[PDB]
Amino acid sequence: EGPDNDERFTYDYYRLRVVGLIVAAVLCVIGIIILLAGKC
Amino acid sequence: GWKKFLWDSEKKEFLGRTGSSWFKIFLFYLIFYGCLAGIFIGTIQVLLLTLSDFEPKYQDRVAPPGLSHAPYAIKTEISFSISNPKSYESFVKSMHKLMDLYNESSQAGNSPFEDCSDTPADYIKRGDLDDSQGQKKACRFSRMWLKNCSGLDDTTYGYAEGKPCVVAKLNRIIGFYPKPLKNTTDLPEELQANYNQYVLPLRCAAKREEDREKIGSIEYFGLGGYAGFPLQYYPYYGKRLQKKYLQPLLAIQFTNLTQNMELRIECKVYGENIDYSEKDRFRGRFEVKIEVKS
Amino acid sequence: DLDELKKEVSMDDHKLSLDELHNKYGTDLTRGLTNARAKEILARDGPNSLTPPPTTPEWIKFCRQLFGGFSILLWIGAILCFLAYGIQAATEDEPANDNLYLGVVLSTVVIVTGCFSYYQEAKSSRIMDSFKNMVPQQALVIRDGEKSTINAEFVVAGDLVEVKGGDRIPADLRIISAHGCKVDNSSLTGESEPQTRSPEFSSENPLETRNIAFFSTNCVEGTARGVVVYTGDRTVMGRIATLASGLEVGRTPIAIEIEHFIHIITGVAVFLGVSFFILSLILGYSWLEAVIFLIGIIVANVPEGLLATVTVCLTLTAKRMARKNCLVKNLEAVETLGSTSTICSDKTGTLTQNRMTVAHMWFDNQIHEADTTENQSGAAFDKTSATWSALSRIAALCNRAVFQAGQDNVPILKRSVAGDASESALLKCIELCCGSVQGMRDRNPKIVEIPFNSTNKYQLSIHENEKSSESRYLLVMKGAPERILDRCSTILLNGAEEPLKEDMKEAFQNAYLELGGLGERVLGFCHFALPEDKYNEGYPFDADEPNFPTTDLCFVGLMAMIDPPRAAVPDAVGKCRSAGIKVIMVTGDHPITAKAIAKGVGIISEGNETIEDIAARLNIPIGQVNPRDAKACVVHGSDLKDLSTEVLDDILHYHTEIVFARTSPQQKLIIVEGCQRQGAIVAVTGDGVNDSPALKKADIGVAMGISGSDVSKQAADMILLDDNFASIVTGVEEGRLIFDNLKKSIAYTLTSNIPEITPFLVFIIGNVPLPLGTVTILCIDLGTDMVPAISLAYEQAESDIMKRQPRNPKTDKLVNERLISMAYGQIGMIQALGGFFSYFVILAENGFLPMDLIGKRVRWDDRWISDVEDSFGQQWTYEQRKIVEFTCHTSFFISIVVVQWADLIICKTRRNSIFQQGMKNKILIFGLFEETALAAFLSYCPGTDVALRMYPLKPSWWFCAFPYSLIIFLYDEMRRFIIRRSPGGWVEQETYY
Ligand SMILES: *[C@@H]1O[C@H](CO[C@@H]2O[C@@H](C)[C@@H](O)[C@@H](O)[C@@H]2O)[C@@H](O[C@@H]2O[C@H](CO)[C@@H](O[C@@H]3O[C@H](CO[C@H]4O[C@H](CO)[C@@H](O)[C@H](O)[C@@H]4O)[C@@H](O)[C@H](O[C@H]4O[C@H](CO)[C@@H](O)[C@H](O)[C@@H]4O)[C@@H]3O)[C@H](O)[C@H]2NC(C)=O)[C@H](O)[C@H]1NC(C)=O
Ligand SMILES: CCCCCCCC/C=C\CCCCCCCC(=O)OC[C@H](COP(=O)(O)OCC[N+](C)(C)C)OC(=O)CCCCCCC/C=C\CCCCCCCC
Ligand SMILES: CCCCCCCC/C=C\CCCCCCCC(=O)OC[C@H](COP(=O)(O)OCC[N+](C)(C)C)OC(=O)CCCCCCC/C=C\CCCCCCCC
Ligand SMILES: CCCCCCCC/C=C\CCCCCCCC(=O)OC[C@H](COP(=O)(O)OCC[N+](C)(C)C)OC(=O)CCCCCCC/C=C\CCCCCCCC
Ligand SMILES: CCCCCCCC/C=C\CCCCCCCC(=O)OC[C@H](COP(=O)(O)OCC[N+](C)(C)C)OC(=O)CCCCCCC/C=C\CCCCCCCC
Ligand SMILES: CCCCCCCC/C=C\CCCCCCCC(=O)OC[C@H](COP(=O)(O)OCC[N+](C)(C)C)OC(=O)CCCCCCC/C=C\CCCCCCCC
Ligand SMILES: CCCCCCCC/C=C\CCCCCCCC(=O)OC[C@H](COP(=O)(O)OCC[N+](C)(C)C)OC(=O)CCCCCCC/C=C\CCCCCCCC
Ligand SMILES: CCCCCCCC/C=C\CCCCCCCC(=O)OC[C@H](COP(=O)(O)OCC[N+](C)(C)C)OC(=O)CCCCCCC/C=C\CCCCCCCC
Ligand SMILES: CCCCCCCC/C=C\CCCCCCCC(=O)OC[C@H](COP(=O)(O)OCC[N+](C)(C)C)OC(=O)CCCCCCC/C=C\CCCCCCCC
Ligand SMILES: *[C@@H]1O[C@H](CO)[C@@H](O[C@@H]2O[C@H](CO)[C@@H](O)[C@H](O)[C@H]2NC(C)=O)[C@H](O)[C@H]1NC(C)=O
Ligand SMILES: CC(C)CCC[C@@H](C)[C@H]1CC[C@H]2[C@@H]3CC=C4C[C@@H](O)CC[C@]4(C)[C@H]3CC[C@]12C
Ligand SMILES: CC(C)CCC[C@@H](C)[C@H]1CC[C@H]2[C@@H]3CC=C4C[C@@H](O)CC[C@]4(C)[C@H]3CC[C@]12C
Ligand SMILES: CC(C)CCC[C@@H](C)[C@H]1CC[C@H]2[C@@H]3CC=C4C[C@@H](O)CC[C@]4(C)[C@H]3CC[C@]12C
Ligand SMILES: [Mg+2]
Ligand SMILES: [Mg+2]
Ligand SMILES: [Mg+2]
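So the sequence lines, in the order shown, correspond to chains B, Z and H.
1 is the number of the first residue of the first sequence in the numbering used here; add one for each residue after it.
1 is the number of the first residue of the second sequence in the numbering used here; add one for each residue after it.
1 is the number of the first residue of the third sequence in the numbering used here; add one for each residue after it.
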């Protein structure tokens, strides 16, 4: 480390947003499944 | 209704209940809220046990440092009359508040101050961010370094005859090493002359192409006579590990300023770990609206 | 429109003569009026047509839905928001636009709610317009001595009008000459059978006399003449309709509950505002700022989504009802049924079927019962003896009525039959269990018939015998059982014949009194085989002399008949009584029949007794017995006319099974009012016009759909398109279920209140950075929260709802202090603490420890301080610290959702446990899943920190609210436990909603 300790000030918000969206999408689907499960 | 639900004399009730009821409810709420408070306090103590006293866990919201100044402008505008003295008082008062911390009387003895190179130098590492060694030592920064804007000669600092000063300052960040641009063929025009590697350059200009002509001679004052910040005053170890720490400063005199006209002056620092933002107008650069109306 | 002169009972000029009548209105009894004179009167007073209703423009009922009690509160909230914005604009530079956004949002909420509610009431109005089938009608008037058929709108007072069986009485006539004319006075007066109209006068009451024909009535059989006495709106049913229109509407119970709810919400809102106003003035702030603080706290205490949630909630219960054929015109009339505690019903057309049907039959010294139900769902009567066959031949032959041409499609009971109601009932019973009568009749040719005589009191006829082995002649006769009994000497027992000894004569007398006491009309049928040796096949028995043996006949058996009640009438009445609903019969019919129908449907429980019954069982005068020993009472209308207010109160206060007989429509209204004077909700169920003033003044009117009148249908609040009475039970059940659900949803939308306000209060008192932003409060109150609150309506019952007693209106409210103590006091507090926890965590991880946050708002807000030192010594610019504050708003909102999970689960059930009821509600599960997906979407989608100002969160923060949620679940679980084990204890009278 030392002088080139640039990583200590970086965060991968991109990957975080990607995952959080994948999860939101999944939860939304599951929801729909439960809602329509019975009317078919 | 109105009167009864307030006080009846047969059942000896007040507001609805008897003497012994209001007490049962008050006692219940007191015990309930007491437990609530104790639980919240316990969950906050475990949080205090989760953080460190010498370093902020997250340092990403403060990666690109800001560029502030000494005068306190309401809308980033400096407007004052050269005749009426009660016009630039708000400026001098602030300026003074800032420079009043670099007094030599404050900086004295070996502890915790240490004499550093009178000429820009390189970084200085006083170890890690621990309590093993006692309170680290910070370099001394003299007032006099700033030549015509020090309030030691002309207390007013310039505002008295149409030649105001502007003390720029780099935002203090823990473990932040300032890095300047290298000498390669790609470098701005301005920066070529006087490339002291050890100095972070600060250079002001005009926002619009027209205003160039109306702005006169930008005279910068600093450590070694250069227009920048010496790398030796870094890094900053934090308040707990370096109380009595002074950050470098750079004075800027806007000599030969056109009278009775609003001038937009944008100052900007250059460097690798320095990046600007179109949303935050104080990240790395800063804007000032000077108007010496007389 | 003098109401008192319309409230009075009808008066008339019936007790007069034909000369006095013609002398008062002016008219030739044998030539009628002249055409010139007729037109002079037609233009002098107006056509014989009722005034159309007062049209209601569509823009008017839209403005109505935009107002009310809840929408008005939201309106004042929007007004306050814009006022505070104006003050901030004229007092400070760079005014934030938070208040203008909140105000336009509130206005949009009110407009959308109005559009939805209005669309529903319009849907019901369209399906309602598809029922008025008004076909023009023309009357037969005699002018200048000639007969002419002119539109009903051209009849005037004074001309001569002739009617014929099958036509409708145009105006109010004064019969001058009749020929066996009968009229159906069921809609106006409520008389189930056809009263004969005679030119002579008989009773002091105009509704009882026979010399007056009425408006909207129909002449069943016969022809008659008459002078038009009353015309146009001045008619009987005209004054009744005008009175109905000139009555007020009222105010349902659900509305009063919403009103008292707003009363409490405003009490605590203005209290917190005036108090934090004096407090802010005590801490140094200026007036200009304190005013904005007052308005802000008041607005923050207003539920924007409770309006949309409550409206959609009620609408969901209204469609379950539309699925079973129960349509409501308004939207709140869906809850009134559950709160009803006294149902005033009508007999003719509502409690009964208004159709004569063969009820009991006598044969082989044994009473037999027949099925008298619409869909024919019952018990047969043993069609295996020869006696029954002979009976079928007697009734099917000695009967002159026949089904109306072209009925080959309708069922055997609902088809049209031309004739008297007795021959029609007999024809239907024979055609029901004996096949086609048309062949049964052509199978035996009728030779000679002697019509019913006023002296003979019998109807007889001879026909050929279809026996291919017997060419003799058959003689059949029907009539009153006494007259026929005096003409027999044999009895067809099980087929064979036997003498008429006194043993069977007494069995016949007891049978006669058995069928008679049942409120039924009995007839006797007998027949005889004429000896072909004394009356050959060629001899013609002309109806002149005694060609048939009047006596020595063979009596086969009695046949009773009466109007039966609808299928689900007894079961529904029993269900209502089980739920603690007082059933009181109110009808303008004969008391001898009203009492029988009451005992048959359950109004007068078997065993209870009236004062006359006791006097008859003891053989003592009626003035000696005490009226307290009689549970049920039959109040006659004539006696009702002479009774004080206190007497009626006592009648309803001491008698549990009351039956008002021979009561006029005005008296019906008086009875409904007598029920309201005490304090109980009333539901009137009817069908004719006499029920219009009763259905209007009652808390809720139920009109029949097929058998109901247009006036009572337009003045009612609920319509039964299928004429099923069990729908009343279904309605009283749904009215309760959706009530306990409204309570749950209200507590849900009120629990979030606290974690939405507390941040601003600590902001002003403790001077810490702003915790909960405005676009987040909006994303909570109008976003995520909506689906769960809507789902709370689909919750099933916990205990039997059709078992508990009706809710008391003066004590058990919809929103009491027990709810406020839970939402605002215990759950909301925990949710607020959880939010502040996540808050401090976000600021502690970035560098701002809790000790340095108290006292920073002045510099934390200042827009020109680009160097704010944190707990570690770092310098933060203005935009950098603002980004962190916004990320704290995002996590605060997510914390709210996390605690709402446990709140929606503890709100699902009010007493029972989750491991008992169960998570069978799929909508609630979907609500939780969607509620989480929306929060993640609002935070992780790119460009949100620009549009809505919500930054992404780091996966370790999302877990700061979990412990608070589990704690909320455990606390409420133990709460809902002591209530069960300890009934009536502290936890119940303190936390049981
Ligand atoms: C850091 O340094 C500041 C300046 O230090 C001075 O210069 C340095 C290089 C050394 O030589 C040091 O010894 C000097 O003091 C220091 O601030 C100074 O503090 C003194 C003490 O209060 C001030 O003196 C007073 O001046 C006023 C009038 O001031 C006028 O000028 C200033 C600008 O300079 C304006 O701001 C004012 O509004 C006025 O226009 C006198 O009226 C006052 O009278 C008092 O003393 C006399 C005897 O002399 C008595 O008879 C009276 O009763 C009063 O008791 C003082 O003479 C001096 O103005 C001030 N300088 C500035 C620029 O403000 C500062 O405090 C140091 N800070 C730290 C943390 O060490
Ligand atoms: C009955 C009701 C059922 C309801 C089911 C709902 C379905 C749930 C759906 C999805 C949840 C799984 C999520 C998994 C996501 C992992 C993704 C991942 O890669 O994530 C890594 C992060 C670490 O982030 P960092 O900051 O360290 O690095 C940041 C580094 N950078 C930023 C530089 C890149 O980690 C994380 O997010 C941690 C993710 C959270 C961990 C899951 C914890 C589960 C909690 C309780 C369940 C226990 C069940 C027990 C079984 C009982 C059976 C009877
Ligand atoms: C019946 C069955 C139904 C099933 C339906 C399934 C639907 C599909 C399900 C999931 C789809 C997943 C799509 C994933 C998209 C990833 C986009 C992404 O990762 O973009 C990230 C970057 C922005 O990063 P940055 O550097 O600016 O960060 C800020 C850095 N700072 C602020 C520090 C400077 O993007 C960019 O640049 C470019 C972005 C371009 C725009 C992309 C649009 C994505 C928006 C919405 C789609 C998600 C919907 C998911 C369903 C949810 C339902 C509620
Ligand atoms: C920065 C700091 C943050 C601060 C945040 C504050 C958040 C505010 C949270 C909650 C607001 C509390 C406001 C008061 C709520 C009271 C509820 C209320 O008014 O509901 C209305 C009920 C009516 O109910 P009903 O329809 O069933 O009646 C039927 C009667 N029938 C049937 C006999 C006719 O009326 C009643 O309950 C009667 C009225 C009783 C009023 C009691 C007043 C108690 C208020 C304060 C006490 C403080 C003392 C502290 C010192 C303790 C000693 C150490
Ligand atoms: C540290 C973290 C703290 C978090 C705190 C917040 C927690 C809130 C979230 C979830 C709480 C779950 C509570 C579990 C309760 C289970 C109760 C249960 O199992 O009681 C069994 C019942 C009773 O049956 P019975 O005897 O009456 O049947 C009679 C059948 N006959 C009539 C045919 C004979 O059976 C039934 O209800 C039928 C089967 C229903 C199965 C339900 C399974 C779904 C459960 C939860 C959904 C997950 C939501 C997750 C939300 C996160 C979104 C991201
Ligand atoms: C059964 C039925 C199922 C239906 C489910 C439907 C789910 C729909 C799922 C996803 C669609 C969501 C909308 C997509 C938005 C795409 C926006 C986008 O792709 O933006 C990309 C660019 C960002 O570019 P940059 O990184 O260079 O910017 C740098 C800016 N610097 C550097 C100055 C800071 O955007 C910009 O520039 C400007 C950003 C414009 C802001 C648009 C956001 C809209 C705001 C509120 C609407 C959300 C309401 C919630 C509805 C919930 C429905 C369930
Ligand atoms: C069924 C489930 C539904 C779920 C949906 C969730 C419900 C949401 C409920 C309430 C949220 C609505 C609040 C509207 C907020 C508008 C904010 C606004 O106008 O801010 C104005 C900003 C100006 O900001 P500045 O001064 O910092 O600019 C400085 C620029 N300098 C410095 C560069 C010059 O301009 C901008 O952001 C420009 C971009 C404009 C973005 C407009 C986004 C509108 C979002 C929603 C409206 C539609 C929602 C309808 C759905 C209803 C659901 C029932
Ligand atoms: C940090 C600590 C974590 C601990 C986790 C423990 C998990 C335990 C897992 C399952 C719990 C055991 C299953 C309980 C089944 C009981 C079945 C039953 O027969 O029940 C009946 C009794 C009620 O009887 P009664 O006399 O009042 O009926 C009166 C009826 N009348 C009114 C008609 C007369 O029911 C009752 O006692 C119900 C009372 C139970 C209250 C305990 C609540 C436990 C808390 C959370 C459970 C975990 C779910 C969430 C998962 C989170 C994952 C992260
Ligand atoms: C972060 C958030 C944390 C929140 C944690 C909250 C924990 C605090 C929970 C409870 C503390 C309150 C205890 C108050 C005790 C004093 C009350 C009292 O003075 O009461 C007197 C009565 C006895 O009078 P009586 O009825 O015979 O007189 C008849 C009089 N007449 C007619 C009016 C009915 O007391 C009774 O009835 C007995 C009723 C006692 C109340 C039981 C309530 C238990 C509720 C929760 C405990 C579960 C905690 C689970 C937490 C798990 C954490 C992981
Ligand atoms: C400061 O600005 C002034 C102009 O305001 C410059 O002086 C002018 O020079 C022109 C010739 O180029 C003369 O015509 C004017 O008369 C001068 N004006 C004054 C007031 O002297 C001056 O050269 C500038 N000085 C610096 C150091 O920039
Ligand atoms: C029924 C109960 C016990 C289920 C509780 C489910 C909880 C633990 C689930 C629901 C939604 C989930 C979050 C959804 C989205 C993200 C963003 C992603 O980038 C990291 C994981 C993270 C932060 C998840 C962590 C686990 C989470 C909070
Ligand atoms: C279940 C409930 C009732 C338990 C509540 C326990 C409360 C009383 C406990 C939990 C955590 C505890 C705190 C933990 C840490 C400290 C720091 C110390 O320097 C002083 C005491 C103090 C401030 C404690 C006071 C008591 C405290 C708040
Ligand atoms: C932030 C802190 C200091 C605020 C504390 C507020 C407490 C004391 C308030 C919040 C809600 C209030 C309760 C709200 C409702 C009722 C029901 C009423 O019939 C008696 C008073 C009672 C029980 C109140 C007592 C005081 C109460 C518990
Ligand atoms: Mg009727
Ligand atoms: Mg009504
Ligand atoms: Mg709200």
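No lab work stands behind these hints, which were simulated from the structure alone.
Each hint should be verified, as a subset may be incorrect.
Straight-line Cα separation of at most 25 Å, DSS-like style, residue types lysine-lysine; simulated pairs [as the list claims (entries may be wrong)]:
(1) Z:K243 / H:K856
(2) Z:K75 / H:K39
(3) Z:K11 / H:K922
(4) Z:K137 / Z:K239
(5) H:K882 / Z:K268
(6) B:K39 / H:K164
(7) Z:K279 / H:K954
(8) H:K813 / Z:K3
(9) H:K856 / Z:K75
(10) H:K810 / Z:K12
(11) B:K39 / H:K920
(12) H:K810 / Z:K239
(13) Z:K93 / H:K856
(14) Z:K24 / H:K813
(15) Z:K244 / H:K856
(16) Z:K279 / H:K856
If the Cβ cut is set under 8 Å, some of the chain B residues that face chain Z in the computed set are [to be verified]:
(17) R8
(18) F9
(19) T10
(20) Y11
From chain Z, some residues computed to sit far from chain H (all C-beta separations above 10 Å) [as the list claims (entries may be wrong)]:
(21) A73
(22) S83
(23) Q107
(24) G109
Just so you know, even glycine gets a beta-carbon here, dropped at the ideal spot from N, CA and C.
Hints, one by one, checked against the model:
no. : hint            : result
1   : Z:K243 / H:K856 : 21 Å, holds
2   : Z:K75 / H:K39   : 91 Å, violated
3   : Z:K11 / H:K922  : 50 Å, violated
4   : Z:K137 / Z:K239 : 12 Å, holds
5   : H:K882 / Z:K268 : 23 Å, holds
6   : B:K39 / H:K164  : 58 Å, violated
7   : Z:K279 / H:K954 : 23 Å, holds
8   : H:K813 / Z:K3   : 21 Å, holds
9   : H:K856 / Z:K75  : 21 Å, holds
10  : H:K810 / Z:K12  : 22 Å, holds
11  : B:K39 / H:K920  : 15 Å, holds
12  : H:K810 / Z:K239 : 67 Å, violated
13  : Z:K93 / H:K856  : 22 Å, holds
14  : Z:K24 / H:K813  : 24 Å, holds
15  : Z:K244 / H:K856 : 22 Å, holds
16  : Z:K279 / H:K856 : 24 Å, holds
17  : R8              : 7 Å, holds
18  : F9              : 4 Å, holds
19  : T10             : 7 Å, holds
20  : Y11             : 5 Å, holds
21  : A73             : 7 Å, violated
22  : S83             : 26 Å, holds
23  : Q107            : 18 Å, holds
24  : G109            : 22 Å, holds
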